[PDB]
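Just one chain follows, in the form deposited without biotin (BTN), and it is written as structure tokens.
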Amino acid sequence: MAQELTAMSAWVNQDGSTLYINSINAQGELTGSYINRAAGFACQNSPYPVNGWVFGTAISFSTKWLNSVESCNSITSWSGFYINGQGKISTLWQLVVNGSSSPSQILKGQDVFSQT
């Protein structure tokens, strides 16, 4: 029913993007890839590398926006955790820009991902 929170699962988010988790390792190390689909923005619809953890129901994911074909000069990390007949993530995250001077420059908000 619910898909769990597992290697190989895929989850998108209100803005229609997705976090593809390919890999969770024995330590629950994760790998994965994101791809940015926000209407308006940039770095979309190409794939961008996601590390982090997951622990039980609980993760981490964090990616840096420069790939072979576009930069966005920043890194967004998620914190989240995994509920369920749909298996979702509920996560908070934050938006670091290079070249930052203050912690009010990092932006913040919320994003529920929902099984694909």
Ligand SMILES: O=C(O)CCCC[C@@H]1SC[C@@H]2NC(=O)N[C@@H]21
Second form
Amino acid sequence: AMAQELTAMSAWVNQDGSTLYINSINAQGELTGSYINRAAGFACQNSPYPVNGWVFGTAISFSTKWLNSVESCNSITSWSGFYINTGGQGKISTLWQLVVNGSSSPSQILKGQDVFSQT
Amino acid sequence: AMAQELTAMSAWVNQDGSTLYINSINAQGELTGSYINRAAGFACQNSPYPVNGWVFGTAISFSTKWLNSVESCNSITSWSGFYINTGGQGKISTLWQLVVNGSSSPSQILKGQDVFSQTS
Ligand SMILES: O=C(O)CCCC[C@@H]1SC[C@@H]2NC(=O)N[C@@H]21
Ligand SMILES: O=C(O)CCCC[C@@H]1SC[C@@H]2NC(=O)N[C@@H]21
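Got the form deposited without biotin (BTN); any chance of the form solved in complex with biotin (BTN) too?
Starting with the chain above, the whole complex follows.
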């Protein structure tokens, strides 16, 4: 059998239970999808947010604007990462940055690390 | 002379001479544009690369995929940052991350700071 690959129509869950749904990848490599945050310490949980970004081989970037019809967090997250297949599972290993509307210093940009696994 | 703000059809130049062209921002804040890199120590200079991203008030993210018909650098840069009005002059202060096709460790993701200023 086969580990999940980095393709259109693929779903990925990180260590905190948040899910990335990659829905389309166009011929240029532009991606669209949605994201559901389930990580404690952050608001905008349990509802879908829009995603765009890029794929280039095993490299990927994706970014979510935290506004939908139910809750706004006045912020944007961007992830930079790469696909690997280890331990029988496809994964996307990422570093992310979160910027809040109204910031005045780069010290206010929050940073973290997420590893997303297939399924 | 009031500041250029985060609007469609705005151009911005960083401390290395690279230019961000924001071409469109739709009513949801989704952005498209193009980017010309002029930073010493990096390839893929002096040709336009495609950009997408998001605007949210003064917060902005944008990302460039380093492939066009002239040169490929097998990589993607993502910027996160915020707009500031310094008194008639607009700037975007950012932190960036660059990830390369075929990477196997987060230590291989490059990081830096860029500040862009409004330009004609
Ligand atoms: O609180 C906010 O400003 C919006 C929610 C942010 C959730 C962040 S995005 C990076 C990290 N990965 C997640 O799945 N959740 C957090
Ligand atoms: O070398 C590459 O992989 C492609 C070009 C990368 C240029 C980077 S993007 C971040 C920083 N800011 C710039 O204007 N140039 C560099």
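Residue numbers count along the first chain shown, from 1. Rigid core (definition): largest C-alpha set, two forms, superposition within 1.5 Å.
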Displaced residue check between these two forms: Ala26, CA, 2 Å or over, core reference:
no
Threshold 2 Å Cα movement between these two forms at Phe55, rigid core reference
no
